[PDB]
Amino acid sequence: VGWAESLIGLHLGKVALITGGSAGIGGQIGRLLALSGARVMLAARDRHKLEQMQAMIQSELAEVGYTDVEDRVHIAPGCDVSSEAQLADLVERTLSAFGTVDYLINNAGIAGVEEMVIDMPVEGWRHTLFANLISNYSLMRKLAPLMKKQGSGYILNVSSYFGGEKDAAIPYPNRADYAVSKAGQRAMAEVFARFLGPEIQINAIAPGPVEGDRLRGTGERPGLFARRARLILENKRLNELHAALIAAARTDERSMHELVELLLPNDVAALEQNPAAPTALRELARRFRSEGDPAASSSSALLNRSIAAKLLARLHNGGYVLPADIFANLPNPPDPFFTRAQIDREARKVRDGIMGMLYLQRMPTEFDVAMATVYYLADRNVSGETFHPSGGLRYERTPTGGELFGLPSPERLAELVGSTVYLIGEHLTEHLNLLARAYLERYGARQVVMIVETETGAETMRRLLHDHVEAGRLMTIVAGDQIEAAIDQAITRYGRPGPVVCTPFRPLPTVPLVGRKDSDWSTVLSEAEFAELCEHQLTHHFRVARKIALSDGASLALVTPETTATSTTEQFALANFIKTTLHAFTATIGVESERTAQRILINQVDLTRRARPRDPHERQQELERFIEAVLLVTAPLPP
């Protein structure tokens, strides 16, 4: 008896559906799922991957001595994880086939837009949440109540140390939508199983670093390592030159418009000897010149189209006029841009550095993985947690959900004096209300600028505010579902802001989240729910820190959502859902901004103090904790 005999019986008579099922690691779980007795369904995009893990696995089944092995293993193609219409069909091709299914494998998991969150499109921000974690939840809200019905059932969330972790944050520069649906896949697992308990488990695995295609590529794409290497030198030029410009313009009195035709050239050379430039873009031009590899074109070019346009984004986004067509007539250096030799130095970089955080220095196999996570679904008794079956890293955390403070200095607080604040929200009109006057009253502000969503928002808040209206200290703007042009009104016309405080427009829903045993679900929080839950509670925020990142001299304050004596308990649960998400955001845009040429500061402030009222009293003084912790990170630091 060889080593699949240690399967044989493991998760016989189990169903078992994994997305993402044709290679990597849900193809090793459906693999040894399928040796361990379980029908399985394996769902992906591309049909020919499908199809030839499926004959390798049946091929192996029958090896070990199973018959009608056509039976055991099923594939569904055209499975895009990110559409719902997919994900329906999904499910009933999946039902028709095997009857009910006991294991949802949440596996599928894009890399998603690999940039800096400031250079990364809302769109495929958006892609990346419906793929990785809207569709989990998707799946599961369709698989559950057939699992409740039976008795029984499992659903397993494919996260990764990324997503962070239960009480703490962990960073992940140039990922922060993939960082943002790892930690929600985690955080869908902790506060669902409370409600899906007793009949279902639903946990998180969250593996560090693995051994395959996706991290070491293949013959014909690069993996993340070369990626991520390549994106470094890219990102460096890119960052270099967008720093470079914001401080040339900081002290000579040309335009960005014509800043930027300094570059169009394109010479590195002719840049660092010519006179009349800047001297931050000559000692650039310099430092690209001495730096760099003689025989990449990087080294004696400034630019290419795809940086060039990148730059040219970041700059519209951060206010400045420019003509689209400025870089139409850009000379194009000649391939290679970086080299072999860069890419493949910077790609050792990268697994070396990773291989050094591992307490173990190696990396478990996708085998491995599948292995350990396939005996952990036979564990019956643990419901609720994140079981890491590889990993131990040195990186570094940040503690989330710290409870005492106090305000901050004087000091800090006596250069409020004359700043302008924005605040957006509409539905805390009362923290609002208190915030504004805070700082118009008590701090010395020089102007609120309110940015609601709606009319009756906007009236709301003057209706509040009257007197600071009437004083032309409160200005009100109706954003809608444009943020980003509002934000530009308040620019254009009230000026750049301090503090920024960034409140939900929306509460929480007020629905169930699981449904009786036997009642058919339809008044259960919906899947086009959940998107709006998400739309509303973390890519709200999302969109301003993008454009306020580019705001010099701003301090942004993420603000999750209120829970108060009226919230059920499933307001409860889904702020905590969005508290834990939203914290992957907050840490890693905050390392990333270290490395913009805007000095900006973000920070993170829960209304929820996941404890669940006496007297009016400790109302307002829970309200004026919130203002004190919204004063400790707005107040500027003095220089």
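Numbering follows the first chain given and starts at 1. What changes on going to the form deposited in another entry:
Checked against the rigid-part motion between the two forms, the candidate from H427, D352, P410, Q150 that sits at the hinge is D352.
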Given for the second form:
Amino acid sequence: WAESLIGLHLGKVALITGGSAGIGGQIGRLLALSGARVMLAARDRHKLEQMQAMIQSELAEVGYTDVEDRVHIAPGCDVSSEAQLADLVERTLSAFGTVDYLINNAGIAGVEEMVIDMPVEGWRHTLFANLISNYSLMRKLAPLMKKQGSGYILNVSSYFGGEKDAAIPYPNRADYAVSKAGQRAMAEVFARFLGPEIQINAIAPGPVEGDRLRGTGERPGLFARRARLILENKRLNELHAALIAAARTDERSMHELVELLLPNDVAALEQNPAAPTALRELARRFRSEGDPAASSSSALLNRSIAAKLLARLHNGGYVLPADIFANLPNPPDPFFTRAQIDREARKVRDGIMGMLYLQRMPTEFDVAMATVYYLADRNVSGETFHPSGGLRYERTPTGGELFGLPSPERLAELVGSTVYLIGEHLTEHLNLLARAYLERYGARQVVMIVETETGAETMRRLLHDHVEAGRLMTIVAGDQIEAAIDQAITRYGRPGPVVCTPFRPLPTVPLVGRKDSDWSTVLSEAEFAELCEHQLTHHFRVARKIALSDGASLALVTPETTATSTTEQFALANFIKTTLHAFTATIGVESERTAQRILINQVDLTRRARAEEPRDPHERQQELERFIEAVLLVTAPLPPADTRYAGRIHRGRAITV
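Same protein, different condition: the form deposited in one PDB entry was shown, now please give the form deposited in another entry.
Just the single chain follows, nothing else.
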């Protein structure tokens, strides 16, 4: 079977992160069999030593000599640590000299929670491990590849990272999906800069068979575990959606509404004539859709769900004592029966298996073999190769640019609304949006949330008339956007429409260095992490907070490109646009599937090419009016027109101005 492989990559040096097991371990193995000298990097020394010994033994069997010189290991390497990545590159260059192939394979599953239950630090950790690490290693190795006149960067993405003009929603995995999309977008935008010397591509396998305790989660894996979590999350979502909806139209505070749940009795809540209709209807559903042997059919929640529900409420700025659930009656085991858990387990498994046109799961070996043959192709760059595929799954096309205003019925919903606008750099866009909502569509007030005092003063001077009239309020957020939103909620009330623009402009630094330069001026590893903080994490933090705070709609706005933006700014803007589409699509589907009201969509001020941009003041006026129209199209709330069909249309989409 190895006949076709031996000699294919003779003379090459390859660095494989996550190289002791899974797909990475097989790519390392097969590259070594093909003749490459390999460095395997991962955290655990023992697993690396086992893999190294297995590969060296196989190399000796096929005839290689001095096998200790062909397979090296780099233990204690966690790709989320910049210092560990710097050490890995020094160790690899010391062992083998210049790296020919950088195989950016290591990937972690991430937080595995809905955005509204996702810690911000958890999101950041996934980006550091899965995405920022890929830029970091490219930044350290590409100078030597360019100098020698050849190199290859391969980012191991996922089918769930999407494709060129479409996002793929991956509910409960937004951090992961964004990291995967970012890996592909990095190949797409850097290819022109890295060429002709260096190829950069991504692989996007679908689910791959492997160790049930490991992997990034595309494969079925652990069933009873995945199922029980799904059932616990479903109970949390149903309770949270009913309490949020009840609070919106009931005179009682969230504290008073949560007090209705304290007897923890489903039948008593359904039968309570004074309980809000959303809670009584929910209790009816728990009794009907429930297994009579499961205590979840007679009890509303348990201590674990209650704590996670309380965390959502506190994070949404609702006021409740921390000990509100201290005396909650504990429901008897089983909360969910074995039958319920096994039914959900079969649903998870069959769902994944049912996507496959070929009705067979590829192996890690199969995926690695297709990848190692693909590496021999010298005529591809900026591509995403699918070593496995043939999947039936939902897709969200991105980049539509032909649109108009929403219906007068949708625009009528804006009268007397509380609008939040977030931004700093885009003063023209912010001024025009505040004026459109206040002057044209009768919003009651606009809360302008900026980053700095200088930004606040600039907006206050631009909107002096609305400031004086008490229609425009300004808040300075700094790096504490969630606390700034809590200030807005307490002082000015909860938002209806929200528009989120980035605080910062894109940097103007080179993306590659000259062949004989030290690359000292090129976008640094720290600067790439800052780009992700300002252009991706910013939107995630706002979306998480606004959804938790019962915002009606949210428009995520990407950076602006113009006819005079630098070529590097166009590349970075397109990297952000593609990567954020993964977030928008995923959170849109999460929201829709969990009966959350919020409509979340993306409005792009970034275009693929300079030639598409306005060239004169007339075309610029047309562009700014298109921006206002795009934002109103995604922020005007659906009138009580609110169907399942209309609901799916108005969430997780991206439109280009």
